[PDB]
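Only one chain is included here, represented as structure tokens and corresponding to the form deposited without the DNA.
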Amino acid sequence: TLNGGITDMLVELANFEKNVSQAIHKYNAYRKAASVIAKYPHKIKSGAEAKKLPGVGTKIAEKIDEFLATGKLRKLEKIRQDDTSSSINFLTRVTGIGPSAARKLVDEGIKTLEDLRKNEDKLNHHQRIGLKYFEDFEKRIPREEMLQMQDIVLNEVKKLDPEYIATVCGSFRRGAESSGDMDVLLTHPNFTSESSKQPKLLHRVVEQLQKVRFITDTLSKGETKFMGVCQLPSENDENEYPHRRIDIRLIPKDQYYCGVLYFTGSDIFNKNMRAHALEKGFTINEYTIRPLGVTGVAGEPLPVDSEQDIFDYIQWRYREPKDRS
């Protein structure tokens, strides 16, 4: 393509000028500028030969000869950047700041790492810790450190009560080399889908991990889900080990392997498996597996004492976790 860089430059400029500006008049303009350049049969060398065209005002002729020289355009940079969109989807990197709050902060003037680091009175505790450890939560965790994190949690849990079952899921159980965080599913026989609702089964484990200084912060502690911050022990090491994201979900005993399956996942695999279940007449769910009757009337949850049970029901061979991409 001859120009092309020039026309994608003008098209994006037109779009912006109508969906942010609202000056449909100069949107109509750039449109004309672009169609023409695309007609013109020779490669634009400069913005003066590019000015000499029936629909290219000298403001635009001033841009082209520029984009030809720098290989870019500052007006596009200072536009792509401030994109009311792109800011929200940045603030949302900070754990604790979703869409709703991001939109608030943004169109109230705050949208960058430093704008934030200059008004923590506008943030709650979750958003605060999430800010303090932004860069830390941005790193990967070598399988190596995860194994160690597995041991701390795993043995601490068995020491409290041997009847607990605890499995780390996520990219770690699938045998991955690198993880984003740690995701623990916890259950205990005293807790079934018929039973009371026992928040202490979870609290007791969380507090024991804080007690031994693994968990360093709470972002959200619920009745059934805790999300916080954890850290591997060290020596005299400066930044020794960064702080990681850890999540701890408590699940009724009788619907644990439904939750383990689901949280080991790969979404693409979850998608395919549920879909296969739905074709042999079952519905799978992060809690249960149910016959799917005539219509979409689901029957009674079937007994699940292991992942294998879920596979057998839909007539699939057990897929090793490493094998669930």
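Positions refer to the first chain, counted from 1. Between two forms, the rigid core is defined as the largest C-alpha subset superposing within 1.5 Å. Compared with the form solved in complex with the DNA:
Comparing the forms between these two forms, the C-alpha position of residue 12 differs by 2 angstroms or more, with the core used for superposition. With a cut-off of 2 Å and the rigid core superposed, residue 175 has a Cα displacement that falls short of the cut-off between these two forms. Relative to the superposed rigid core, the position of the CA of residue 144 differs between these two forms by less than 2 Å.
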Given for the second form:
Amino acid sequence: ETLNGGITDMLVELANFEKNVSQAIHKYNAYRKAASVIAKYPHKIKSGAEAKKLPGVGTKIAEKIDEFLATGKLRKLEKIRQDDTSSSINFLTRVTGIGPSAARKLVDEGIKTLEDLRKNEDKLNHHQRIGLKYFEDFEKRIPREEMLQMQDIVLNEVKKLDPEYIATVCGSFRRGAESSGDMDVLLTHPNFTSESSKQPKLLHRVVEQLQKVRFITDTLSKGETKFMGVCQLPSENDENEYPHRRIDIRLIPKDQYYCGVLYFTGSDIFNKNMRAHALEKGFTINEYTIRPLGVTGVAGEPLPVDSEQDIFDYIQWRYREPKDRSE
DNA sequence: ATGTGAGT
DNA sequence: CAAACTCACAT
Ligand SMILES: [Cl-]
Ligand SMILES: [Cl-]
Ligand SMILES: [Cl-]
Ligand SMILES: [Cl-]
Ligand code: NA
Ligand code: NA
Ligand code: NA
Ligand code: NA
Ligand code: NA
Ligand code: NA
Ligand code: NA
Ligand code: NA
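Form deposited without the DNA done, so how does the form solved in complex with the DNA look?
Next comes the full complex, this chain leading.
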């Protein structure tokens, strides 16, 4: 499926429009849910009325489906795609920190392009100015090779700080991807657990260190548990400077760390299959904890975890290398 | 204290 | 994966 892709693409495009251009949250979700229930449907849809049988597909989407099936297009959508305001809003919204709200306010004031934004930084917050500054860099893919260099700096700086620190770079990179959008590091320390006294300094000290060595270059945000900023590989002497990259560093309690590393290594299909097989065996898995599931169905109290291996063991699956976590 | 916003 | 959850900024 496959089957009804044209209709689902149609609705995903209507959703985006309602979220990013109207600011009608309920219509956005209405379209998301409709696109989802349709993508699950086993038959090639032939009428709006057939789709209307599906929960979440109502009168109005049935009408649109009818037009789409008849002509292969949707007038509403062709108008949206020709609309400059909509195009501009979607463009601005590609700057990190700029979402639909700021986007409206900016296009309303005639600010629509990168050049335009760079002439109106007084209109932007810190996050958004960082996003404009590295707009091009942040849109480049990161090759595995640089990801690997980056991974070493943080893993090394972290070790030399405190050998008890555990730091892991996750996402598709961890599954062996050839390129990456950004770097998502999960961090923990054995004297930081869920039953303990909350220690921001654990994160802050490694952020500060990565700033000392001039690896972290800008901060988008930094709280007690979550850091989001910008990094840059060092360039030798003069010559060509590396592009600035997005990096997040998240501090997780030690007793929830590996569910974290698992959840955030993906893939989504692999997670879905994993947390669904876990149901079959009688356990619920989220990003934090794996818990058993009683006869009633509702149950809790987390099981002790100290590796990804453990989680696999609980649900009676052989361990799967991150390389093999496609599905 | 609360609400809006943004990103993951 | 949507939803939840962090954090920034305002008032
Ligand atoms: Cl202007
Ligand atoms: Cl501002
Ligand atoms: Cl990579
Ligand atoms: Cl995983
Ligand atoms: Na808007
Ligand atoms: Na709905
Ligand atoms: Na009904
Ligand atoms: Na409609
Ligand atoms: Na963005
Ligand atoms: Na100005
Ligand atoms: Na990543
Ligand atoms: Na943050």
